[PDB]
Each structure stands twice: as C-alpha cells, then as structure tokens.
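Undergrad: What follows is each chain in one-letter form.
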Amino acid sequence: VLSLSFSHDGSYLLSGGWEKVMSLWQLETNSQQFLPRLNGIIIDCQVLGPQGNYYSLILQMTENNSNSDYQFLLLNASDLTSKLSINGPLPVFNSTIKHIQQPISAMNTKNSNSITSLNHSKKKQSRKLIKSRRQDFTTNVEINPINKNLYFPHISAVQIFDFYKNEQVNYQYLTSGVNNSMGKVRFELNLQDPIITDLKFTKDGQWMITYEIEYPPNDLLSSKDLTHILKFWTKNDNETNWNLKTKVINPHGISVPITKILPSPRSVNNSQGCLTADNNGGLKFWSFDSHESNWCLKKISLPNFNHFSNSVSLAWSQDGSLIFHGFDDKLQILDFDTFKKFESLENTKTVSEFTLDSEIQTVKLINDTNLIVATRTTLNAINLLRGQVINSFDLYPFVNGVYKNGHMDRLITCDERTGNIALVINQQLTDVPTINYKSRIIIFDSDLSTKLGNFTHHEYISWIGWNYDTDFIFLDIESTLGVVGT
Amino acid sequence: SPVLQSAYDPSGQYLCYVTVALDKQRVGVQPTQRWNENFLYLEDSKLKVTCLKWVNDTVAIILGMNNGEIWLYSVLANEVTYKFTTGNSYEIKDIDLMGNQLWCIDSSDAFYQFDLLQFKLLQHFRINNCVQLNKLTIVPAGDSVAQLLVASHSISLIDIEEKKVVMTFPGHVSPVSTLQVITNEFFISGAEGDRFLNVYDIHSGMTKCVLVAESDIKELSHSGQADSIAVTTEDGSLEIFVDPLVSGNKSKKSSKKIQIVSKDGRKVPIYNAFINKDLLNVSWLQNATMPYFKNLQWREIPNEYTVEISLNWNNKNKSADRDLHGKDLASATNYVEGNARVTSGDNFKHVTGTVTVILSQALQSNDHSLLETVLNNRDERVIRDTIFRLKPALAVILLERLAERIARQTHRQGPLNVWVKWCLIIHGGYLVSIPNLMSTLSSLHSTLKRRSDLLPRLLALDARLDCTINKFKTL
Amino acid sequence: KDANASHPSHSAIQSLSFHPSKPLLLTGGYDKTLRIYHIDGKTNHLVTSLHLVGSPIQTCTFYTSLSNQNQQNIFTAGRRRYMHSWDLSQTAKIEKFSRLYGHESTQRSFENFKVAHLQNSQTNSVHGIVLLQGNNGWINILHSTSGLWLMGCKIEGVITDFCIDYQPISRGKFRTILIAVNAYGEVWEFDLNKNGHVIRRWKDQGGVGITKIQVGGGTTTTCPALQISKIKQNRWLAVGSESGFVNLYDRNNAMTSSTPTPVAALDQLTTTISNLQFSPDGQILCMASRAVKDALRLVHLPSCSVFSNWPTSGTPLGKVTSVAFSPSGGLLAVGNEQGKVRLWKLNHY
Amino acid sequence: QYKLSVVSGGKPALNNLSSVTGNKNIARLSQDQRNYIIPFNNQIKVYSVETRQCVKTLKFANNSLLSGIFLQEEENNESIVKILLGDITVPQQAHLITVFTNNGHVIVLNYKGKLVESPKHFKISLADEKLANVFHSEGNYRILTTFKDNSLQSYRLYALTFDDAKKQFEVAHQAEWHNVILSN
Amino acid sequence: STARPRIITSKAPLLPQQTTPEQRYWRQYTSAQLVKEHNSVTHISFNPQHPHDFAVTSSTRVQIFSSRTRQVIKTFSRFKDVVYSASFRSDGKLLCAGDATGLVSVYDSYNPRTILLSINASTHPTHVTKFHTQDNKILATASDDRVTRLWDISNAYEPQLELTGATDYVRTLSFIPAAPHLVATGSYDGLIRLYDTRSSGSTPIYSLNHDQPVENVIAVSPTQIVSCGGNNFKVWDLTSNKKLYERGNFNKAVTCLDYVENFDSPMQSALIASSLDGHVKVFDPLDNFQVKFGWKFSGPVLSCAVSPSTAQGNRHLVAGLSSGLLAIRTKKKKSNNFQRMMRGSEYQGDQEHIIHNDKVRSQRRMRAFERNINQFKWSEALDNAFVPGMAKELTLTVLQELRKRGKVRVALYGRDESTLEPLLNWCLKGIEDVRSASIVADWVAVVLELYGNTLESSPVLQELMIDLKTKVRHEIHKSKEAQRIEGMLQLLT
RNA sequence: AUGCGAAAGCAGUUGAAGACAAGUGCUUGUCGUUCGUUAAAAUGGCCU
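Protein chains in written order, with the entry's author numbering: chain G, 300 to 730, 734 to 788; chain S, 3 to 36, 46 to 67, 72 to 262, 269 to 372, 434 to 557; chain C, 239 to 326, 334 to 594; chain H, 9 to 101, 104 to 159, 166 to 200; chain E, 2 to 334, 353 to 512.
Note that these hints are calculated values from the structure, not bench results. Hints may be right or wrong, so weigh each one.
Derived Cβ-Cβ restraints for the label pairs, each shown as a range [what the hints assert, rightly or not]: (1) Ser515/S - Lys243/E: 29 to 35 Å; (2) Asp667/G - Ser128/H: 54 to 60 Å; (3) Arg383/E - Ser651/G: 55 to 61 Å; (4) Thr533/G - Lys370/S: 18 to 24 Å; (5) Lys284/S - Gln61/H: 24 to 30 Å.
No farther apart than 27 Å at their CA atoms in a straight line, the calculated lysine-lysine pairs in the DSSO-like style are these [stated by the list, open to error]: (6) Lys19/H - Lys348/S; (7) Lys124/H - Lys397/G; (8) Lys158/H - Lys422/G; (9) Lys67/H - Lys740/G; (10) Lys397/G - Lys32/H; (11) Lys531/S - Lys499/E; (12) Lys59/S - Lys135/S; (13) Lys544/G - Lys12/E; (14) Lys499/G - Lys278/S; (15) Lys26/S - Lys338/C; (16) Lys648/G - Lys629/G; (17) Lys546/G - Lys447/G; (18) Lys338/C - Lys337/S; (19) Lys663/G - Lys639/G; (20) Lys447/G - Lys464/G; (21) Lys26/S - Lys260/C; (22) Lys546/G - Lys531/S; (23) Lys182/H - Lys421/G; (24) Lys497/E - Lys523/G; (25) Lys502/G - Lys546/G; (26) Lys337/S - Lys370/S; (27) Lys409/G - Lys19/H; (28) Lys397/G - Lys158/H.
Negatives, chain G to chain S, calculated, CB over 12 Å [unchecked claim]: (29) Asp378; (30) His398; (31) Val468; (32) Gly476.
Where a beta carbon is used, it is the ideal one built from N, C-alpha and C, also for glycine.
Build out the structure end to end from the sequences listed, making use of the hints.
TA: Here it is as structure tokens:
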C-alpha cells in the first residue's frame, strides 16, 4: 500500500498501491469503487476541493528502469475524469542516473526493491557510479521533421512531445505486450515488456519504422531466445495516431538483431525505403510496393560471417547510388544497383574497402565529398574525390570505454548545410571522480580542421540532433532541452 | 424586441437599456467601446419607464416614470439618488435637459421646469392650443435655453418668457416619436410609422427636405455638425445619409445601408446604433436580452453591407478535456494490430506408362483437379520417368505448385517431397542457368526455412520426453 | 403569451422549472432537449437550447448553490443509468454521474430525483444532495458537486413518492427531513443531518393508492431558499392519490397527532393526481392530473376550497403534464402533451 | 554567430528530498479554483484548469535572483519545498505566491503579473538544520525541520510569526522528536 | 484512466497464395443449378434495360429465364429449324432470333404469340444477328453467305447496306461504343475487318491479323477490341492499329467472351471468357489482363454471360455446355394514443444550439476465454480454451497470451489427470503444425516438469506419452528431410 | 546478481562488526544498522 488519504468528513478512504488502480472505500459499508488503469503506480494521492471536487495524485511510470519519471494528475471526481495531466519529457536512458531509488514492494525484482535490497541497492548504486568508468547514459530520441516533434521511445511505448509549446501531445503503446490489461504485482513484476530499440522516420515524414525486441518469460523451455520484430506505421498530417501498416516478424532469420536502421534519401523512391543492417554483415533494403499497399524486400545482401560485431554503421549518398557500409575495422563501398563492391575500371586508388585502426562507431558524409568516421579511439575525416584521409583527431582519453559500442552516433551529429558538432563529457573529479559531470560542445566545419564554435555545458548531455531550420537540439540528464543556433 | 427603451450616452461608450423580467422592469447599463450583472429593478409591478435620458461631473441617468415621478439614478451604486415628483399623478410623456434646467411634458400637457442643482420644482406651466403632446426638445441657443420645441403630429415652437407659440410647423399624420435638433437652424422629425423624415428650418418655418428610409423608422442618430445619419429601421437595418443638407432634390434616398447576417443564414436585427466622426457603433441582441456590439468604419465600407457574425447555430459540443471523440487527453492509445500484413523476413519476393503429357497439359493450363490427380499418382519409378520426360519451364512451374501445396497442406509433404526431390535431381541444369533462383522458387525456400528452423525445439522436447518415458518405464 | 412560442418543442413537456433568481424557464421532454427561455409577458424568447443524444428527459431542475450563489447547475435525468449535470457562453460543460458507489443493484434508472440542501453539522458547510428513487424502499442520496454516495433509506412496500422538508434551528443552523410515501399510505420521515434514522411513521387516512406527496408553504425544492437565514418550515402537506382524492394536512397539528386527520379531502378531479404544486407562499395549491384533458384545479388555502371561475370550459390546457409556479412574479406556467407551455399571471402578487 | 541557449524544461520536482513522505505533492490549486501551480525542475508553471492550458510560466533563468537561488551550478541542494498562496506580510492586498526553498529562502513572486526585478526576498535564520515543511492555519505558521545529533533524523517543530522588524521572522521552539521514520 | 485492450489474435507470417479479394467476390458467386436442355446451347443474352431476364438458345428453342427465381419464364418455339442467335435489343423491348433455314425473326419479348417481323435473309444459315447499340432501328446480321447485311427494320425488304469483302464463314460481329457507324466483323479465317458504314462499305477500312480462326469479337472499350480465337486471345488497340496483349492461358479453343464494367465489385472491369474445357476464366483489364478467377464445368463449355452492369438484384453467371447443360451460378441478395404519448424518439437534434453526445460505441461480445483472462481466472481460462469446437487460431492465441503473461504453471497447478487429458489431446493434435509446435513445446515441457509422479501412477497418460513420443519423432524426421532439401537448394544456387 | 562479450559464452563472486528476538552462559533467525568487495503469505486481483 503506497498511498493513503482520507476525505474531509472522513467517510471515504483513498488507497494507492502498486497495481495501477486508485480505490475509494466507503468506510461504513466497507465498499469500494475504483479507477483501474492509471499510466503508472500511485505514489501519492489526496483530495483537494472544499467539497471534494478534485482528486490530485502523483504517478510513477514504474517501467522506466533507468530513471524515475513522475506524472502529476488532477481528476474531476464527478465524472472521474482527468481534468489535468502534467508531465515533461520521459526519456529512457541506458543506466541509472545519480542516486535514484526504486519504490518498495513485497519482493525484490527488476522494477522495485525489498527493504534490505532498497538500502543495500542505494549504497551499491552510489558506489558503482563512483567507481566504474564504464558508465554511459545515451538515449535514443527521434524527430518528426514535417512537424518537428520529438519522439521519446519509452520501453514498449512512444511519448510524442513537442518542444515549442513544452508539453506532451501523445502517448502510444507500440507493442503487443502485457502493457495495460493488468497492474503487475510480484512475479508479473519479474516479467518485463518488449523493448523498442530503434525508431526512424522517412524524409517524407509520412512513414515511421520501429524496431523492437521481445523477451520471453523466465524459467521456461524457450527462455533463451528473443524475438526481433520490425514494424511500419503510417498517419495523415491531421491526426495524432499511427496506424500499423506492416508487421515483419524476424528480419534476417531467427534471433538476429538489426543493429542499424537507416531511412532512404529522397531521390531513390521519394524516401519510401529503408535499410536494415545486422551485427553479421547483412544489409537488406525494404521498400513500398504501391500497386500493393505494403512493405517488402526489394534488395538483399546477405553474407554468412562467422564473426559477430556489435558495432555497425552505414551511410547513403544523396544521389542514391553509393552506400558506405562500415562494419568493424572495415568500410565497404557499394553500388545500390548491384549491392556489390564498386570496382573501379580506372583503378585510381579509390579502393572499395577502407581499413580503419579502431572499431567504427560512426560513419557520415557531410556532403557528397567528405566522409567522417568516428572510430573506437579516434576520428578521421576523409575526402572521396581523392582517396586519402584529410584530418585526424584523438579521442582515446576522452572516450576510452565510457560509451558502449554504438552510441557515439547518437552523441555526435551533423548539419546538412554547415558542419558537424562534437560532444565530449568528463566528470569533475576531486583529488577520485565525484557525482557531477561536465560536457563540452565543439562545432567543426566540413573540412573538420577549423572548429566553428566551442561551448561548455555543466550537466551531462545524452543526445544531440539537428533541428531542420539549421540549429541543434540537445537533451540532458536532468531533462533540460537546449539549442545551439544561429 | 425585448428591449423596451434604450439610449446611448454622449460620446457613445455606454448604453442604458430598460427591459422586462418576469413582469418587473429592470434598467441596465452596458459598455461598448472596449459582462456587468448589475441592474436596477422597479419594485412595483405597475410603474414603467416612460422616458429615458443620460446626464453629465458624476454621470447619471434620468428616468421619467409612469407614476408621476422622475427618478435620478446613479450608475456606480444601483441606487435612485433622487426622485423628483411633479405635483400630480400622471405619466411623464417626455423628459429633457440642457445644462442644469430640466423640463418634462406630463400626460396632461403640463410643462414642468425643475432645477437639478437646487433639487426643486421651479415652475408648473401650461399654454393654450397645445392639447395633446408627446415629444419635447430644447434648442441650444447657448446657456439661455429659451424657445423650446414640442410636438404631437404638429411641431410647435413655444417660448418660455411669454408662454406662447411663435411658429408652428405642419407635422405628420401619425404622432411624432423622434424630434432632434440637427444644426442651430434645422431639425429633423420622424413620426411613429412613417418612413419619412422631415428636415425643417426653424426661422423660415419651412421644410428644407424630406429623407425617405426603406421601412418604418425606429431610431435616429446623427453626427457632429450635420454630416451623416444612422437610421435603425423597423426591419433591422441602418441607413446613413451622407451630407443630408446639400444639393427633384426635395426627397433624398439612403446613401449607405447596413444589415447583419450570421453564418447559418439567419437575420439578426439591429436596434439603436450611434454614429460619429467616421465611427459607427452597431448593437444587437445575442442571447435574448444580452446586448452585443460592434464598431465599423462607414466611410470605408461599401454602399451595401452585411456584417458577418459567428453565431453558434448548430454547435457540436467540443469539450475542452475530452478528445475529439471518446477518450480524454491523459489516457494512452492501445496497441491494435488490425488488418496489418504479417510477413516474415525470409519471404523472398519483389527482388513406360507415364503421365508426363497430362501433367505438361495441366501446367500449360492451371488445373487444380488435373494436377491433383497426377499428384495422387504414387509410384516412384513413374514419378522419376515423368520428370525425366518433362520440359524445364514446366518443371519450374511444377516446383512452385508443389511448394505452395506443401505450405498449405503440411500433411502432404511426404510424397510431394519425393516429387520435389526427383525434380531437383533431374532438371538442375536449367535451375543453375536461371539467374534469380530465389525470386523463382520463393515459396519452396520459405517453407523449408520454417521447417528447418522448427527442428531444434523438437529435438529438445523429444529429449525431455524420452527421459520421462524411460524413467517411468524402468520401474 | 406561451413561453414555448418562439421555439416550439416536438414531444410533451415533461419538466418545467423557473430559475430561482433570474427570469428564466427551463423545459424538457422526450426530445432529448433542454430549452431555456427568457420570459416576459409579451415576448418569451429562446436563451439557449441544448440537445443531448440518445438520452430522454423526464426530470430537469435548476439548482443554485446556497453558500456560493455564483454556482448554478441544471440537473437532467431520464430512464437511463446516468444523470447529466450542466454547469453554469459558446459550449456547455456537461458532467455526468453514472456510478453509484457500490449500491448499484437498487436503482436501474435515475429518472425520479429531487435536489435539496444539507448541512454537514460538524462543519457548518452546506452542500447540495441529490435524492433518487430506488428498487423497493430505497431512496439513495448522493453528494451532488462531487457525485459521491452519502446515505440510503429504505421504506417498505413500494415507494411511490417522496419529498423534502426543512426545519430551522437557530442562527445559522437548519436540518433537513425526508418524507417518503408507500403505495398503501404509510408515511416515513427520516432526517438527513444525523444519518438515515426514522424520526416518525404515520398513516394517511384513506389513501388506497397514493401516487404523489408534496410539502408546501415554506421553502422547498420548487420555490427555494437563497441564503441560510431565509429557510422556513413548511405548513401544508398534501397527499394526492390514484383515485383522484387529495388529502391535505396541517403540519403544526400532524407532527403532534402522529396519525393525523386531514384538514381537508378534495375530490374535484376524477383521475390520477399527477402533479401537486404549492405557491411560493402556500396560499394556492395547484393539483393537476395527466390522464385526461382540462384537468387542473387551483385551491385556496386555508379555506381548502377550489377556485370557481378558472379554468373555464374554454381554457387551453390540454393534457397537463407540467406545472411550475414562479418564485417572484406571480406567474403560473402549464405545459401539456402537445408541447406548448402557456403562461398566466396572477394579479394579486 | 552561434549561441547556446536553454529553451525547454522537464521534471516536476517532487518532495523526495525528505524521503520521509510528509506530503509528496507541493502543487497547490489556487484560491478560486481556476489555476493550478506546479514547481518544475527549472520553472514554475501556472496551468489554467478550464482549458488545460499553461498560461503564465515563471522560469528561473530570466530574473537574476532565482538564478542566484536555484541556479548555483555546483550543487542543486536548494529546491522548492513549499508553496503558499497568500501574502505572509500583509493581509489581502490576490495574485501573489510565496515560495519556501529547502534552505531558509522565502520569495514573494506574482503570478499573473509582469515580473519586475524586485521579488520580495526573505531569509530565515537558525536554519543550520534543513527545512522540511511549512504549513499554516489562519495567522499562525509552523515549520518542520530536519536535524541530527542510528541514521535517522530529528524533527524540530518551530512556530513562525512575522514583523518584529521588516526582515525578522519570529521563530520559537515549539517541540522536537528524535528518530522519525514516517510522518504525515 | 483508459479502456481495456482486447486480446489480439495470433496472425502468423502469411503463407503464399492467400485469399485475394477478387477470389472473395467470385467465390461468393455460389448456389449452382444445372438444367439439362435438349441439345447444345449456342448463345446466351441478357436484357439490358431491366436486366432481370436472360434468353438462352438451344436446338429449335429460345427460352427466356428470370433472375428472380431462375426458372424458365417463356419459350419461343415457333421455329422450323435450328435457331442460332437470340439477342435482345439495346432498348429491352424487342428480341431477334437468327435461324438456320436462312431467316431472322424479330419479335417482342414477353409475347411469343406475336411474330412482329420476319426478315428473310440469305438462304445460307444466319448465325449471328445483333441490334445496334447507339441507334435502335438498325439490325445487322451475318450468315454463311459470307456477307453481313445491315437491315433497317422499318424497310425490312432490302438490306439497307450490304457488307462484303470477307473470305470465309463470317460468324462474329461487334459494334463499337463511341463510333455509331463503325462495325468490326470477325470472320473465320482470322482477319478481323473494320468497316465504316458512311463509306461505300464494300471494302473494309482496315483489317487486323488474329492468325487463328476468331471465335468472337467484343469492343471492350471505345478504343479497344478483344478477339477470341484459337487457343489464345488477343486484345488490340484501334487507332494505333496494333495488338496490345496476347494471353494464351488456356488449353483448347476459347469459345465465348463477355465484358462487364463499373459494378458492385472490388474489380472495376471484368473480362470473362469460356474455353471448351469447363474452364471459364475471369481477367481484369487494369492489371494487364491477368487471370483473377476460374470455374470448371465438366463438359466442353460453349457460352458464358455475366449479369449486366445495372442488375441491382441477385447477379447471375450463366454457362451453356455442349453436353446440353445450362449451369446458372447466382450471387444472391403500437397504437396512436401510445405514439402520441411518446413521440419524441426520432428527433436527432436538427434545430438546436449545442448538440452533445456521450453514448458509447458498443464493442462486440467478449468470448468466455477473454472474460476469464480479464477476470484473472487462469485455470478456467485454460479449460474454456480447450472446450472442443473452437478455432485453432483461438486456442493458439489463448496459450500465447497465457504464456506471455506468465501463468503457465499457475494455470497448470490444480489439474487432475482427467483434466490433463484435454490439454494433452489438443497437444497431440497440434504437434503437427509449426506455430502450434513451438507453443506445444513450451506447455508440454512444463507439464512433464510438473506431473511425473502421477504419470507413473496412472496408465492413461503413459499411453498418451507413447503417442506423443511417436509423433514428435515423426516430426523430427520431417524437419530433417526439409533441412536436407534446403541444403540441396543451396548447392543448386 | 559484476566485468568482457555476439543473440553464445568466458573469467569472478556469498566478508566481517554491531544490535535484537526466540530457544537453551550457548544455538538459530532477524535488521527503518555500519564498514569491505568488480556483487511466498496476513482468503488478498482491475469501475460504470
């Protein structure tokens, strides 16, 4: 029982437990009427009005394991409806930010604590955040570019939030989990939701592509595997609900994760196609059959590699011809017509394969000329009109192991007109590293030699994207959305 | 209209209007130039407001009642400040005021002069052959306010200092209802029911002109120094005559006409507008007694105008907290699959006594029954011989037919498997010769993909099942 | 001139009420609509016209709050399981009350309700309650501005009707009493300040099938109070039955006699008494049937004598289904089956 | 050429710094129940309840004093722990808000009003211990405060009145409890 | 709050040859009726105007059938020899029948008594006799005289305009919709002729080379012609004077051809043909004349006709067969005191200010398993899923949902042996498929994990485990062979 | 359950102090207690 409150005369009791239901007891006849699906657990509840017009309560959203993300609520009590809902952005990070405690419950599971587990977990989390230099907090965040709306992919859900008006506009459940037909209590709390990992839009804006994985329940025969599902959603420019149009079960065979999704540029199919890249080497190109009404395969490239690498990337030229598939240690240049190596008839040392000293975390092309690669220790800017590296930069003290293999792409991004922006984060140490962090923001040019602009922010920065009116949006651990603009 | 008697202030910022409410009249002041639920109720259910006036430093209004009294009503406090009484019990048929002197026409022709700043009745008054009267105005000769004008279908210019008529103009047929001094030499007069307005000249005693409206006249107002005239007509309208006293030209028509039409096509009636130097103030009733207003530029709108107001005719109840339909703004949309196309990622697409002659015939055609009979043939030597005798394009289409039949009827994948086995044995040359073998033999590849992926869990289940079976069989 | 003249109706007028302070009538019928008219004598114009969807109306009442007086509501109800509450200039705010907290097996239809005040009596904060008929003897009582469930009373036999009386006590305190009448003629009187506890029972003389009871002559749910000091105690209690008979009691003797004899027993009408309505003062009692045309009679009190010169045989009454006295101006409003309300003004008031 | 600004804010700033659960909510519905007031992590939003719309917003970065109270970028120790609706100094001048920060700071601001560069500032003495809660009946004010000497805290109850001098807030030791666990 | 999400069914990735919407419509065409006539049936015509009737030829017999009751309404049998073509007018009233003695007889439908006009044509048998489409006083008939004559039925003594220039056995002709003067005529040596009647008309304006003997010709559009002859059929453009498609998807000679347009259908235009094998196949001219459906009648099928575009009743598809068999296949189709008392129901709010609506769109009924899983009774949910006559997809979605929520062992705790047996029966069945095999793997894994002791104790479950062992071994054998064949394909790449 | 790692896996982890309860100065268990490490219960289930 997490929240309790009394009415004013003292005849009704309000009870606020884990199962997301707010229960009103008549005390005399011991009776109850209750509101059963409340978008999270009821941390706190009370009455407000001098007659009892409104019930105001505080919800947790207990699924968000990386960060506690509250939601205030004010209910009109006659209709039992929601006269007000108050919220901010709800990002899911990769690890628990500074000194967060999960709520208390009857057992110790992966959404809550016991009592003893609460105390010990508090101390252990603080000590681990002090000690380990593994720590990263990098959140996926997408942007609807024909409405400029931030899409924070929650676990098994999407919070559509805009930054102008600074308020949530939608919450949608994008997975067939156990998301709402129950309030999870103990071993339901042991179970968990299928997680959305990747979320992209086409450049046209009218197609959303979501990749999620789903985990089976524990202690069963088929608990070892996962199931990875791709989904394609549409909407018209007047509604606020995405209709599922195509569900693709198990891309690239059984239990094979698609560790990069890339939409298509405009010129190829009016930006109505996507590329899926595994951790093995396979690249698939899906597109929209329009005499049908669906998405299907239209070009495969499936090699069988006995080596798995968790960090891939890829990039696409603006014409729709050159594709740079950067697998670990090696970038391959492919023609889209053949999905094979672009072998030069002239052979002017424009070799189809590049081998880079560290593992690739990012490939980008700022124009049809300059290719930027962010490698596991360093950063290399190369030209394509002459096959030689232009510029180099050392990042090995800055990013040693403080990011997982595959998150520097969401760290560093580029404007398609002026330049790119670097992001470096270090935590301020005193004599041992302390809690607080410090993140510097550097803006290079297309040649990457001259730094266009240097700035510094105090709190850790988890994600930089570029706003399509040539500026840059960045999120923060404490969710303060900022902009680097003209 | 439910608005019995209404009148603007000077300078056009607040209108008084007296209207009836469960058979008790209330007066109310509303502001216009940019609600007020204050009112004054007449406590008696019989006395009515007979005439109305605004008076200037503290603003007030003056209410000539039915009873025989003339109330003086402040606005800020809803309180009758002082109730003058003519020493009689009649109906004050008209009230008027200039400066501090106040003059009222009683029901029995008795003129009364009151003083405001003295709170007194100065003089009772009556003259000869002014026997029925219902309108009074006072000419602005300055602060010397002599030679007032009275009327009831015969306008008479009466002096005070000698108590006699000087000039008498021919009026109307019906009684007059509007009598307003336009300039220091002219005045306009309009009866009750006539569409005509007579512009008379005082000293000559003549009719300079007549102005003819389009329906029966109800309310008149004029600009500063005789430039324009707004007419509230009985149908609901507004008729400005631009420059009325200029240069047959005996009768003049209305220059500019204004109506008010809402979105739904209905016709909202205007009452009691007010004009000034290039600013026209129009009023109407939105709900049954609540007056709404508008300001508009009559020197710039065209000759015929229809104000377009947004009146809620057949509103759909857009609640602010509900959605457009059903849910509220705090819930969460469910995950509904619907008629989405569920596919896999292994669906390659968009990238001797034989029967060989009847098979090749069926597959040049496309015959379920004939192909079903040939497939119901069983003997493996006959199968080998038929596929040995067949043609490669026929073999490819045979492979597709066999694979789709397998994928539907998975029970039929023994004999159809030996069929596809012998086909891939024999005709392999054309198969290695055709380029896009995946796009050709799509469904075969997908069906074998499903089954070969199914295998390992079956191995595990058989392992555990055999363990339990031998456990209960050993003892 | 008919209040329903400027904008007619399409079913019978089931509910008329005057707003307690402002000049306004509210009519509702089976056309699922609610029409509010600004009433004069001359031109009775349409202020507003709401139209619910798929929900009829049998009972619509105005209700202004007592401690607040800047809070008006309109409560509407038909034979469904919800009760709409319109709050009171471009789009309405209509809550609905649809859940009884637990006690849902009693009433399957919200259609017979009354609206009264109640004092918390620990705090002196008055609030509006909504009384509903129920299954067998059940009267359910819900706190209005929050829709909560306060208290329930059970009379035996079948409830046929109920009514609300007040009693002042001192400076700033009153207490409210609920009267409920069986079909046999047995009358229960509970009080609501302390919980549902029967103050008294008695029996009406005769009264074989009793279909309506009304209290009148003080403050009641038709000519209602506007501040706590202006609450009075009712004097007359009239009980109208199915056969046409209207017994009529003085409370100042009935409460002391505890199985009383009526002051009078009126028998002018001959069909089922389907409307009783006292004046705001209590000097006229309007009794009106529903089963036949031209079936309204006014009664002078304490004479308990039917007025003889109105209605005459050429009075356009119709099948009278609604009667509403005016609180202030002395009007009477009668609505019939054809959907035409009709005003009269009494010249005494 | 390039400017770095902060445009939007998030988290709703719960009363978790106590962790004793006094009252986790600190939002306060206004007097005439038309406006709702939530103190965010970097601003104070004033929503309007008849139309679900944020009307006035009170950011911390615009006025300098709030930038000196909350925006000390070395430590976010100071946080809003209570919001009171009236004026604590004068009786009923309306559209004013007093805000009680975790460490003895009290500010009088004016929602629905143009924010001038003079919010009425007050500092409470004796707060070597940290503030926990501030509440009031008519006229009289009381403060729960958290102090120490078994990893628990002492709750000191103080009585607050005003106006011995202008800046002076009169504080008296009403009572004290030693090792609290829960408190409502 | 929010609403309760309904349980989503389990839609597997789709297997090839799913059911297409064209297949849905043309399989709704059902309720076959077979009528054995006297001899073969040549031609079948529909009344255009009120399409409720259709004539069918025979040997010395024309029969008017009805669309409402599918019974023969009228018989024209005043013929002395084999009647060839019975075609209605384009206006409804008057039908013409070309005989084989050499004359045509034109008289009104719904009156076999009154022979209205008898045009003596050439002494060779007249096969095809049509009325015009735009005009309605000009008939055109061909013969074995290898000439087609245009008669004007006011002046029925002389052909108003003869039409020659063919070679051998003119047996098909067709007018063209937009041009009311241009006649296409399909001969029997191929060589479809195109005449313009306001010219001389002795010579064709231009010819078309359908190299097989053309069996029918239809102006499918104002600019396109379709030609039925030999094995294939070929559709030609008119103005550019070139064939456009050639579909040879048949076995024997295609015989009859019909075309319907802008009707109640997922397929806008339907071009159907009939091809002497029972095979009647239906194509669409928007996806380049690909087959969308096909029926098989046993005997050699001669004529076919689908009901016209304005039928508005039960639509028909008629096929006449050389065995003498007509085959019809049809897509089918208080008191006033009280009302005055309560007359306000049907109002719907037409003249009111604000219209509010609140009532709920009533959802479909929840099944018993969905009620049980919504009310948390897991064991009752499992038993109610394993009630006998349910759907495979539904039992699969129950087990999928219950496993996804986690209540596998919780649902399986209290089960006694006689209650294990229904689960094990459906498990024994559903081991054979693929998706059901994965879910039965999970559930029988936990059943064997639980109940080994009562498995030893009771003998019925022992025999059930024997059957399960045999079938799982058989399934392993199946998947082994399938993996082998996939290896064979990967070799043969 | 921590680190590295691919959806596999590969290495490693379960230490004391204090306090209290029960049973017999001794045994177990407990923690709204400290420091060191990379570390199932109270017959109780979702409104209209």
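Undergrad: Compare the structure with each hint and give your call.
TA: Right, here's what the structure says about each hint:
1. At roughly 33 Å, the beta carbons of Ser515/S and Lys243/E sit within the given window of 29 to 35 Å.
2. A beta carbon spacing of about 57 Å between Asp667/G and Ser128/H agrees with the range 54 to 60 Å that was offered as a hint.
3. At about 58 Å, the beta-carbon gap between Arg383/E and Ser651/G stays in the expected band of 55 to 61 Å.
4. A C-beta distance of roughly 21 Å is found between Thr533/G and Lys370/S, which places it inside the suggested range of 18 to 24 Å.
5. Checked against the given bound of 24 to 30 Å, the beta carbons of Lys284/S and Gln61/H, roughly 26 Å apart, stay inside it.
6. A C-alpha spacing of about 25 Å is found between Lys19/H and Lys348/S, which places the hinted pair at or below 27 Å, so the restraint holds.
7. Taken as a hint, the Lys124/H and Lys397/G pair is broken in the structure, with Cα atoms around 36 Å apart against an allowance of 27 Å.
8. Restraint check for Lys158/H and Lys422/G: the C-alpha separation of about 20 Å stays at or below 27 Å, so the hint holds.
9. Note on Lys67/H and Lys740/G: the hinted pairing holds, with a Cα-Cα distance of about 23 Å set against a maximum of 27 Å.
10. For a cut-off of 27 Å, the pair hint linking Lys397/G to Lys32/H stands: about 20 Å separates their Cα positions.
11. Restraint check for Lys531/S and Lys499/E: the C-alpha separation of about 12 Å stays at or below 27 Å, so the hint holds.
12. Using a Cα cut-off of 27 Å, the hinted pair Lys59/S and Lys135/S holds, with the two alpha carbons roughly 23 Å apart.
13. Of the pairs offered as hints, the one joining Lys544/G and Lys12/E holds, with about 14 Å between alpha carbons and a cut-off of 27 Å not exceeded.
14. As the CA atoms of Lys499/G and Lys278/S are separated by approximately 61 Å, the hinted pair breaks the 27 Å bound.
15. Between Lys26/S and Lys338/C the CA atoms are separated by roughly 31 Å; this puts the pair beyond 27 Å, and the hint is violated.
16. With a CA separation close to 16 Å, the supplied pair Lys648/G and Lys629/G stays within the 27 Å bound.
17. Our distance criterion of 27 Å between C-alpha atoms is met by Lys546/G and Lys447/G, whose separation comes to about 26 Å.
18. This hinted pair checks out: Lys338/C and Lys337/S have alpha carbons roughly 12 Å apart, not beyond 27 Å.
19. Between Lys663/G and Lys639/G the CA atoms are separated by roughly 20 Å; this keeps the pair inside 27 Å, and the hint holds.
20. Between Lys447/G and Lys464/G, the direct Cα distance comes to roughly 12 Å. Compliance with the 27 Å bound is thereby established for this hinted pair.
21. For the hint pairing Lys26/S with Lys260/C, the CA-to-CA distance comes to about 12 Å; that is within 27 Å, so the pair holds.
22. A hinted pair counts as satisfied when its Cα atoms are at most 27 Å apart, and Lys546/G with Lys531/S qualifies at roughly 19 Å.
23. The straight-line distance between the Cα atoms of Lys182/H and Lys421/G is roughly 44 Å, outside the 27 Å bound, and the hint therefore fails.
24. For the suggested pair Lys497/E and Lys523/G, the alpha carbons sit about 24 Å apart, so the restraint of at most 27 Å is met.
25. Between the alpha carbons of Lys502/G and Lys546/G the distance comes to roughly 21 Å, so the proposed pair stays at or under 27 Å and holds.
26. The straight-line distance between the Cα atoms of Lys337/S and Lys370/S is roughly 49 Å, outside the 27 Å bound, and the hint therefore fails.
27. A distance of roughly 23 Å separates the Cα atoms of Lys409/G and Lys19/H; the hinted pair therefore holds under the 27 Å criterion.
28. Distance restraint check for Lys397/G and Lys158/H: the Cα-Cα separation of roughly 24 Å lies within the 27 Å cut-off, and the hinted pair is therefore satisfied.
29. Its beta-carbon lying about 9 Å from the closest one in chain S, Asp378/G breaks the requirement of being farther than 12 Å from that chain.
30. For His398/G, the condition that its CB be more than 12 Å from all CB atoms of chain S holds, with the nearest at approximately 29 Å.
31. A beta-carbon of chain S is positioned within 12 Å of the beta-carbon of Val468/G; the least distance is around 9 Å.
32. With a cut of 12 Å on Cβ distances, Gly476/G falls inside the contact zone with chain S, its closest approach being about 8 Å.
The structure fails hints 7, 14, 15, 23, 26, 29, 31 and 32 (numbered hints given earlier, in ascending order).
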